[PDB]
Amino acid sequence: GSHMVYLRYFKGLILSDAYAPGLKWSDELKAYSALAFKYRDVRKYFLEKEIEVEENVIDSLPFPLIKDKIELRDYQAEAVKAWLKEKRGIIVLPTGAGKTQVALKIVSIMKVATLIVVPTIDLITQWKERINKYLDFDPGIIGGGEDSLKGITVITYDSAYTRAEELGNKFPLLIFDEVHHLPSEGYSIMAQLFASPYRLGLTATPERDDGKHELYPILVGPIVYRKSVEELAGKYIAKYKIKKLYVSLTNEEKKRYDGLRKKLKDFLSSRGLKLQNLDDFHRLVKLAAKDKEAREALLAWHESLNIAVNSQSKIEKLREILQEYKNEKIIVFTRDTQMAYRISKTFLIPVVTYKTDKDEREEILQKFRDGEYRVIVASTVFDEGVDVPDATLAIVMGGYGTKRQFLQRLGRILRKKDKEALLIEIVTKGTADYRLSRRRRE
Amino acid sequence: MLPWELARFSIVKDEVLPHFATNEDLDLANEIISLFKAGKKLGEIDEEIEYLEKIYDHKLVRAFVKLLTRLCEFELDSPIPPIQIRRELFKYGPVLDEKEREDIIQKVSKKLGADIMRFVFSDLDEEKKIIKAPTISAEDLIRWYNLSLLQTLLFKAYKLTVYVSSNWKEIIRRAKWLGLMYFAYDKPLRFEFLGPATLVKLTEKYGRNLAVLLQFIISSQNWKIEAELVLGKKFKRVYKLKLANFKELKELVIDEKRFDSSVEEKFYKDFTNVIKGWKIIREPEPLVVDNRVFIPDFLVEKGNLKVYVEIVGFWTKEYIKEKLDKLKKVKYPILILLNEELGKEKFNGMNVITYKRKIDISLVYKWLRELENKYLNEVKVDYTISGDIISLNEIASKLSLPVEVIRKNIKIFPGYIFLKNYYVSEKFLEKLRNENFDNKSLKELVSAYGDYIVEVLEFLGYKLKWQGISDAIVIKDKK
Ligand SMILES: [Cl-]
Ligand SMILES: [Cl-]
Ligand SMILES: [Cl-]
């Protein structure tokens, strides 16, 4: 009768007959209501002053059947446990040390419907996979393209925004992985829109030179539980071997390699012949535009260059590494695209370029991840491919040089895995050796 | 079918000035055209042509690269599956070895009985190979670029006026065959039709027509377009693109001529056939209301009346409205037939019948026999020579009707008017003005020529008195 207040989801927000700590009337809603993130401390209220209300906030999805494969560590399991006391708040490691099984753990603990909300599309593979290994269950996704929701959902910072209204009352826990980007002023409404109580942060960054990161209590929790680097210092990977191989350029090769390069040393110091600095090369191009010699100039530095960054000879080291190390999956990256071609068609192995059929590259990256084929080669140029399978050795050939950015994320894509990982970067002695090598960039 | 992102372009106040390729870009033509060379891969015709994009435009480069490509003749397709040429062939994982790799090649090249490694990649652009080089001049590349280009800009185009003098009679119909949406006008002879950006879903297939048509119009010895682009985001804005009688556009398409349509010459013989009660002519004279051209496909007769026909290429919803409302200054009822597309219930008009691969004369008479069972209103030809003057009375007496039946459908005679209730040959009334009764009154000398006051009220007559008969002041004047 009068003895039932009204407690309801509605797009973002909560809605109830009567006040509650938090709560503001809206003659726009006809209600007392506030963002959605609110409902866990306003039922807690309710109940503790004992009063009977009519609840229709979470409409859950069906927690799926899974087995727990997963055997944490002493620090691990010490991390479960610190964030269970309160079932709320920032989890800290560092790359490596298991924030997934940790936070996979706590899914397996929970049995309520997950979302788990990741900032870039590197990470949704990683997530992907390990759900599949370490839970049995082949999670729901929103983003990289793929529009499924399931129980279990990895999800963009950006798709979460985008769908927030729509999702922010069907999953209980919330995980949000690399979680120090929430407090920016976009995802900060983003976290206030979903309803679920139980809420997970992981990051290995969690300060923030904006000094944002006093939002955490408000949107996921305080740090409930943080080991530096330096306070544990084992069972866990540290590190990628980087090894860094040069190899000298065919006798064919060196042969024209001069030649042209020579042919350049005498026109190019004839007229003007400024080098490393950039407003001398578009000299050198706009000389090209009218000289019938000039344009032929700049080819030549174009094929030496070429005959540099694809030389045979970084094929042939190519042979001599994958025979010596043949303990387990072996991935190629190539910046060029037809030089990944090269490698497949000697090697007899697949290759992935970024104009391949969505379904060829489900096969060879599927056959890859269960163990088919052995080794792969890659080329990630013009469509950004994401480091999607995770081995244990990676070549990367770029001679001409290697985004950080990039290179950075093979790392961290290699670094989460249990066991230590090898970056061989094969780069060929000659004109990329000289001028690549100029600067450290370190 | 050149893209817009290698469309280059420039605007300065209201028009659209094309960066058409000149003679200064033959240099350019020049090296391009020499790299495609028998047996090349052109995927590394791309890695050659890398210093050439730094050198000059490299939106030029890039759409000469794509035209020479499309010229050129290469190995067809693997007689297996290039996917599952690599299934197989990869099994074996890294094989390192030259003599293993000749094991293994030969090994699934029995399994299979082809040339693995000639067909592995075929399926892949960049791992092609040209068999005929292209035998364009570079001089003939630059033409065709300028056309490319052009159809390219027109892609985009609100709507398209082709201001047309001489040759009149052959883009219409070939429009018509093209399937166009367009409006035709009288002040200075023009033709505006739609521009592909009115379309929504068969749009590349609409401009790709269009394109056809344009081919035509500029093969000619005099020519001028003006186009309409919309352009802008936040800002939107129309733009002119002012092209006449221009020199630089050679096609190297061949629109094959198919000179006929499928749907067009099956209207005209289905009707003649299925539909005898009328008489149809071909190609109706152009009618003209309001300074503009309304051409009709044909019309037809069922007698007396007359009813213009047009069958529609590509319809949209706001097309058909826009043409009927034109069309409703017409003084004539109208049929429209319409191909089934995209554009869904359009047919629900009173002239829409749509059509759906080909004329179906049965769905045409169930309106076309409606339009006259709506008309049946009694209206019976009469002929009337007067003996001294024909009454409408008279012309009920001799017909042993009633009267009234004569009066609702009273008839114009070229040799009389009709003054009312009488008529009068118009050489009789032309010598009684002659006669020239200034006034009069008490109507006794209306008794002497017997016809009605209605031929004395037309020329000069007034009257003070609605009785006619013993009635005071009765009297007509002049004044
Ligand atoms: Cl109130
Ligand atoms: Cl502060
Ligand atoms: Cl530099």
The other form holds:
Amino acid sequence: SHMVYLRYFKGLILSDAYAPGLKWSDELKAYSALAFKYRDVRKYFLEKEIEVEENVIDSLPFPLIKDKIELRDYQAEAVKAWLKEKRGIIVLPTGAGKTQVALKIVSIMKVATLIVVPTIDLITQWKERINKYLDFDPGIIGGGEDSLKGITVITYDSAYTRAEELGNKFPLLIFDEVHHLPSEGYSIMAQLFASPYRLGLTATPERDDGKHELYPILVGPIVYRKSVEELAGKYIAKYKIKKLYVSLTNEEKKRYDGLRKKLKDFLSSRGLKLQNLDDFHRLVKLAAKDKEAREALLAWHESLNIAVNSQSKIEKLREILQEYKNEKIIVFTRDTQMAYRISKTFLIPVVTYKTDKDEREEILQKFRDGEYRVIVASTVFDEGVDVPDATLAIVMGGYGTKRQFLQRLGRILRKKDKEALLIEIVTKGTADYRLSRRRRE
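Show the form solved without the partner chain, please, the one above being the form deposited with the partner chain bound.
Partners and other molecules omitted; one chain follows.
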């Protein structure tokens, strides 16, 4: 009738009719390829609406399991990523629990599984984790053992020895340390397995010989990759970061201290924590009904503006501006005024938000030429194509450690960030200090 015959034979896929990636062998009297092709050859005949008689997979039976795996946020992401195609590599730093990601996939899929590991030490490990998380004692091929089971852990070397026999036995095939797989001997071994579902795991998918270019014919592409940074939701910067502590000028201290006692004596009467988030919201709420609080709130706000914009920071910037000798620098501050005073003190040009773009472009291109070896902008380019690039960056408040800002500095700070420096100046003993160590991130 209509039925094409599709069969496994000693590590090969054998078909009556052509399908892409097949080739005809007079010897077998059939079209054939390495049995990796099985999924695509099956799918294609289905998509081309041709009906197929199939003697390809002879699956071992999947055991009863008790899944005890509670996945982390990223772990579960991975699983979901994988399940789209069910044929690919999941990259995650070591320590991040690759094993549990894989065993969850095993738990979901409920099909016989071969987990291939490069070392006998890793056998023992997977043995232990499968017992722990799936409540099943797997079969072991390697280390002197040879028991075959619905879930089986095997060495790369033994898989090679056993490739033809085991090629159509496990629908799900998992390679641990999958960067080993493209090596000599191993690379051929994987292509004999008809296994439709394939999963690789590694922290280090790239190889120097670049033989990782093969992954698509062995396991599948990378379908999920995440740095340690990316998992924690932190940003890490290539450059160095240097804190420099100025102290207030003696004029600034006196008014600072004044405003502070005004805020403090208010919170003595009303009993608020300056350091608490809801006690702050209380103050602001009480400020729109009471003048006394409102003076206390506005004192608080000013005491910061003093410390954040302290002259002493301009006085240290003089010391720094000589040591780094006008080597393509950018100085930052969120306060518009503080741009201008630094601008005037050192004879540096200013890049502010209220500047013509033809003026902002011309001053930056004069930076680009090497004419100006220092420049200041209080505002920063946001959603902005012409990101300036330069050796050194200075930030004039403790708000320089904010993460949204740091990543903007990252692309801009270095063309080659050879531990290229970012310094920030911070007023000792003040609300500027504390902002610089403000946990928010």
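Numbering follows the first chain given and starts at 1. We call the rigid core the largest set of C-alpha positions that still match within 1.5 Å between the two forms.
Of the candidates 56, 26, 60, 408, the only Cα that travels 2 Å or more between these two forms, given a rigid-core fit
Result of the comparison: 408.
Superposed on the rigid core, does the Cα of residue 41 end up 2 angstroms or more away between these two forms?
Not so; residue 41 is displaced by less than 2 Å.
Residue 376: Cα shift of 2 Å or greater between these two forms (core-aligned):
Yes, the C-alpha position differs by at least 2 Å between these two forms.
Under a superposition restricted to the rigid core, does residue 359 display a Cα displacement of 2 angstroms or more between these two forms?
Yes, the C-alpha moves 2 Å or more.
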